[PDB]
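Just the one chain here, laid out as structure tokens, in the form deposited in one PDB entry.
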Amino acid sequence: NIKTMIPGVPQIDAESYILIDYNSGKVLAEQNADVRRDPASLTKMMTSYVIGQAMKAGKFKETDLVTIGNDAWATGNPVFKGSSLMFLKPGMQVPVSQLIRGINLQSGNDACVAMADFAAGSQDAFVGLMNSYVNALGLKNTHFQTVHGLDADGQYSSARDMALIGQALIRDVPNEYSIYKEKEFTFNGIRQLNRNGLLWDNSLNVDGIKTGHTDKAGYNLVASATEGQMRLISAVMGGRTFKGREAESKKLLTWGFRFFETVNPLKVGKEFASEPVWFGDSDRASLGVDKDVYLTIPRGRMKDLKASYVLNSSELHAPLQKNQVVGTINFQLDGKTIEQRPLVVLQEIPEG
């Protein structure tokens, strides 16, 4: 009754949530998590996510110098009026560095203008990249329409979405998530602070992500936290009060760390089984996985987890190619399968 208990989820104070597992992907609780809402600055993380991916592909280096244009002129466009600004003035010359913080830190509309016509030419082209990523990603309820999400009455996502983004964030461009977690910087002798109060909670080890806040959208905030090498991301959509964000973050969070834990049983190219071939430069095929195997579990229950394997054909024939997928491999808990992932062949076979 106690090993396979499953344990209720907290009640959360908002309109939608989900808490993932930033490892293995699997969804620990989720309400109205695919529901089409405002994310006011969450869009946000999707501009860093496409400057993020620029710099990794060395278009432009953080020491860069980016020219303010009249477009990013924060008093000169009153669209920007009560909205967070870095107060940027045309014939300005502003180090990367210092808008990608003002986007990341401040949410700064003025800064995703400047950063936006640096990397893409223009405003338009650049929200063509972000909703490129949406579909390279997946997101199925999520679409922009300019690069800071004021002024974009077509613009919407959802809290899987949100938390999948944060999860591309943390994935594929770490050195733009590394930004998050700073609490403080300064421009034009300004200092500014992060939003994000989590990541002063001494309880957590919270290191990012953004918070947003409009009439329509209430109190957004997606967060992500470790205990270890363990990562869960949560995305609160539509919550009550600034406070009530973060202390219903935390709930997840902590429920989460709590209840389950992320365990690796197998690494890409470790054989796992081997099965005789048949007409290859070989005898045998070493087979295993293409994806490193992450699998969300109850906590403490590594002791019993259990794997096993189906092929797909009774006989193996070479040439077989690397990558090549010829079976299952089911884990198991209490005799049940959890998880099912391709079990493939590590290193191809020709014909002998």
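What we label the rigid core is the largest C-alpha set whose atoms superpose within 1.5 Å from one form to the other. Residue numbers count along the first chain shown, from 1. Compared with the form deposited in another entry:
- Core-superposed comparison between the two forms: CA of residue 227 displaced by less than 2 Å.
- Residue 285: CA moves 2 Å or more between the two forms after rigid-core fitting.
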Second form
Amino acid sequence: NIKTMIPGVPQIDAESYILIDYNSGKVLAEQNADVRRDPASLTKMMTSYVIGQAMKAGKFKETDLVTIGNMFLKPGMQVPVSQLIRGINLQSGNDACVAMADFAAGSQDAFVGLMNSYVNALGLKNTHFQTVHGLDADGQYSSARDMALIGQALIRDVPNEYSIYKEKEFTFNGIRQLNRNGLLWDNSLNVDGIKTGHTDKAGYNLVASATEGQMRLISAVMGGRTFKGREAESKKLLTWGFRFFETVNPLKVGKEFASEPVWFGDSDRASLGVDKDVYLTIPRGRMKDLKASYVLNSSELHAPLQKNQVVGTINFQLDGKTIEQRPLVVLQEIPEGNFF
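For comparison with the form deposited in one PDB entry, would you give the structure of this protein in the form deposited in another entry?
All you get below is the one chain by itself.
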């Protein structure tokens, strides 16, 4: 029963936490992951997400200058966008958020409206932002799950913005500022994200992400007890996640997974696979025992068969139990067969 066991979770010294796989979205561990808490500076992930989308859209460059009104910024100061986004991500500067909010949306209210528009665009059911920096507000809240998903969106939708989160330091006005994510300096893990935060109502919060090979995990901890424990507890989850789980990529697009006969077509056989790449998070070491089969929606396949046409379902089995399902599609189209 060593292969088919469910691992016990470590005791995490925080009120809420969640651990997910970046590729497959699988939840490996959770505790009060949907309780609505104060997000503190984790809010700045969404602030960074709004900014990342605008630059990705081309609205402003990282070299553009922003004039201040009205990091210790002063009115009339001209600060490159590059420095303000680093003030947000590395330093957690609340003043840099305000500056970038007026610069990106014209006002803080217009910028909070965008933050909450992406909240709905991501489907978050337990998040609402009242601020651009994350200071405690009566009406703003988030949760460990929603914050783990915001971090996923950062990595997925704006990778150029996300690459900043791994920088250990930046210099503003001749003063070196360190990134507050102390896990970047950990020799045992490969941590390149994401964001720390803390307030009186929120406690000590950390959204972290690490990689081991091509596997990527995202942890979110909220309501942490101490400043140091913030990083220690997140390190507990990530190492635990990598020790007991492995992400595997069994089938990618274009790879033939099965062949079935085709009637009335230009060809006699169809090449069946998947249109979206498959990522499965399984107990580490059980990839050798992973079995895959499939069912068909029809007794026969009739031409014409369009490209990426659904014809059945793939079933991935581990220990005789289906763990994931994906649509089985036609890879190459097959037009109607003609007769001379």
